[PDB]
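**Student:** Each chain, written out:
Protein chains: 2
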Amino acid sequence: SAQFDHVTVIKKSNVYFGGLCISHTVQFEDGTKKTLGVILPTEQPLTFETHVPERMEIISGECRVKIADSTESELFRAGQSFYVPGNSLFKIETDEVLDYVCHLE
Amino acid sequence: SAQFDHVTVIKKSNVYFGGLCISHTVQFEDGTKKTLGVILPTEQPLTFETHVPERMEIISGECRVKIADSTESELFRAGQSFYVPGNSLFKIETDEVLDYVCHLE
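Residue numbers (the entry's author numbering), protein chains in the order written: chain A, 3 to 107; chain A', 3 to 107. A prime marks a further copy of an entry chain.
Hint data in this document are derived by calculation from the structure and do not stem from the laboratory. Cβ coordinates follow ideal geometry from the N, Cα and C atoms, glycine included. Possibly wrong hints are sitting among the right ones.
[To be verified] Pulled a few chain A' residues facing chain A out of the computed Cβ check, cut under 8 Å:
{"id": "1", "residue": "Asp7"}
{"id": "2", "residue": "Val17"}
{"id": "3", "residue": "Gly21"}
{"id": "4", "residue": "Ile24"}
{"id": "5", "residue": "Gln46"}
{"id": "6", "residue": "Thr49"}
{"id": "7", "residue": "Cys104"}
{"id": "8", "residue": "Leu106"}
[Claimed, not checked] Computed beta-carbon distance windows for the label pairs:
{"id": "9", "chain 1": "A'", "residue 1": "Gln82", "chain 2": "A", "residue 2": "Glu76", "range": "41 to 49 Å"}
{"id": "10", "chain 1": "A'", "residue 1": "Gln46", "chain 2": "A", "residue 2": "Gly33", "range": "39 to 47 Å"}
{"id": "11", "chain 1": "A'", "residue 1": "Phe19", "chain 2": "A", "residue 2": "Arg57", "range": "41 to 49 Å"}
{"id": "12", "chain 1": "A'", "residue 1": "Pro87", "chain 2": "A", "residue 2": "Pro87", "range": "50 to 58 Å"}
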């Protein structure tokens, strides 16, 4: 759906890449957590590194991602997700505002 | 406090000034709404216009604001608020990430 209901949201944002990724933590009634974030248009790919596995869900926009040790970019648009293994990484680019939810897995 | 509890958060962000202001809508159990937002470092002041009155609460950072038809900037830091009348405007600058809550009044 278009919203999270019955959640806690931490007010202080997390900002990286000199302001190209801006997110907040969202905590659910069952004690699980997600990140609600925005990636702004990039010139070069942005690298994120995972400890626990993650699912990245695109809420709005279009991105190209190289996951783990893949060598070609994969395209994702709103409504699609990608999985990132634990202890790995992904490199993401976008030409427009990209809204996402990061699901801890 | 450092968080909102028992809220609805709309997933799609609102982004302005070519990515210098990024926010989400937060809706409370009583039907009231607030904006949770970030302003990134600015080179020139950013103008916002109000219909209903607003209180801007600084959560993190430091900004300078000219409110309504004031002619000198006023300084606000984390923990401080400013009031903007309805049918008016404010012009805001910051040199660092600025987290804020906009309260509808």
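**Student:** Which numbered conditions among the earlier hints are violated in the structure presented, ordered from lowest to highest?
**Tutor:** 5, 6, 7, 8 and 11
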